[PDB]
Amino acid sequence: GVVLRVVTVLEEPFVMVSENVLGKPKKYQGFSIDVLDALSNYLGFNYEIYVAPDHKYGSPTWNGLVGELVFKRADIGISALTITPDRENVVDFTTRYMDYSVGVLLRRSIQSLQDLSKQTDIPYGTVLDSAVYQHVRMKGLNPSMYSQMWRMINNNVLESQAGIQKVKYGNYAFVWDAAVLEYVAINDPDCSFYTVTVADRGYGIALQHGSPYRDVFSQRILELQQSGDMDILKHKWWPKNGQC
């Protein structure tokens, strides 16, 4: 079984450093890693993991993870990497292995992005100029809550843990990646958070443009999705089975 280069980007609980002890090789865990193992175990290929030098997903030459692929320094790119047209142009993606959504972190009355966007008592924002910021903008100016969210968000934003922390010790809701948020919520030592749809796109696995693995990879991903296995894997990192 040949060895493929896997480049990742830390993002809990998608890709995390599970082990890093002086004198030992770094080990990783997480939903994205599980999917890589499900594919490696079936297709019989092996691998070595390394993080994107800049800890960036990749923005237009290309930087970050996508860049590592465009410059053929990697073979696969496992991370909470969203499938977008620009990227799909420079690299090749599999099928989405999970749907990407925008969520809101609240502090222990709001129950939906709709309520969050009808009230003001609780200011709310995201990470300035980020993917989510642009998403709310783009939607907010279309031609019916997004418009009231943009009117609001567009002062109140910031740049990620800062937002997480705002909600914790102050009055503020944080709009951001829902899977990330949910994990943050579930695993909070004091259980001070609760989260609150739609899917504009999805998380993918990138391979270098014209890779011969894309096809069989997508097959295996679809099979894990349609068989119900993805869910067995999703519950491991996102279980509404207890704690908070």
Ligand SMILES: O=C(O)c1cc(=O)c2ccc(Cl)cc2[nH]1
Contents of the next structure:
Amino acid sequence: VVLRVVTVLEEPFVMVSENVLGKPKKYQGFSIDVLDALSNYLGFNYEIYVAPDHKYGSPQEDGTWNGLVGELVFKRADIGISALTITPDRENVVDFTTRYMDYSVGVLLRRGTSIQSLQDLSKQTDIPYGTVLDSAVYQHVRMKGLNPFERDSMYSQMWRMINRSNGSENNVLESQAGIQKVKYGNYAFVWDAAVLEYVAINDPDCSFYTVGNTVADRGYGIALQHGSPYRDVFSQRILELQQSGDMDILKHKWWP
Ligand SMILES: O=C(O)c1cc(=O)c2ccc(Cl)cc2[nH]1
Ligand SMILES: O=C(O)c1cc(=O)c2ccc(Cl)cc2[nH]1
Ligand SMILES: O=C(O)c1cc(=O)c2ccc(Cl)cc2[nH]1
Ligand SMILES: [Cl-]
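Switching conditions: you have the form solved without the ligand, so give me the form solved in complex with the ligand.
Whole complex next, starting from this chain.
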């Protein structure tokens, strides 16, 4: 029994280890190890392909979904292995396992800063900051900073910085671009805290520092087709990995 796995590249969750003839051959990462834990225990083999648009998946004008979620809806893949945020929107078109990673937001800073939190970052302007355009972080700051019900001045000030020149000045098109901008410029990059911790830990110049708060009731899960016969056993195994302390060994392999 061979499963077809769709993924989205995101260090250190899913990283392409080897390319042959212009296509990835081997994948590694925390999400890959969780997949390898499921495959060996439940007794299935798999093959992995990257989502063509490199997107996670969001609803479109016409109802259809794009990205990884779209690949599962159109049944072009059986399961999705990535840092895919569990949302009610997505739970309506694909089946999610239980959470295997906690959602977290953080900021990447040049070595030698006073910034301790996202709160601090919002209260200064000397270090410009931003994220990836139209990403999760971006859309959250935009929503909170434009919501008349919200009166947390942090999201209002952050959106003011992020949306300078309609977002062309302080944002980037890829996370790699944001990281290099911190490395070689005066900039702070807001992203998933777990990603940024991996980046900081592994930078050859050790030029980064990172702070971030985790977010409860938010996290990443494995996705499957709607009405998949594999969800329940997938979710059970994830619990088992958690109780046995196997998940904390995987997390320590990538976040020592
Ligand atoms: O699942 C999503 O929609 C999604 C959007 C992001 O910008 C993102 C960024 C970093 C990580 Cl580790 C996961 C992410 N997931
Ligand atoms: O602390 C939270 O609940 C939280 C959730 C987000 O999605 C988020 C996104 C961007 C920024 Cl700059 C802060 C954030 N904080
Ligand atoms: O792709 C971008 O928006 C971008 C902005 C920078 O300031 C920048 C600075 C250095 C490097 Cl190596 C890449 C960069 N990329
Ligand atoms: Cl395999």
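Positions refer to the first chain, counted from 1. Each form is matched to the other, and the largest set of C-alpha atoms that superpose within 1.5 Å is called the rigid core.
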{"property": "Per-residue C-alpha change between these two forms, residue 87, threshold 2 Å, rigid core fit", "result": "no"}
{"property": "Core-superposed comparison between these two forms, residue 78 Cα displacement 2 Å or beyond", "result": "no"}
{"property": "CA of residue 96, rigid core aligned, shift of 2 Å or more between these two forms", "result": "no"}
{"property": "Between these two forms, C-alpha offset at residue 136 (rigid core aligned, Å)", "result": "4.4"}
{"property": "Inter-form CA displacement between these two forms at residue 24 - rigid core frame, Å", "result": "8.6"}
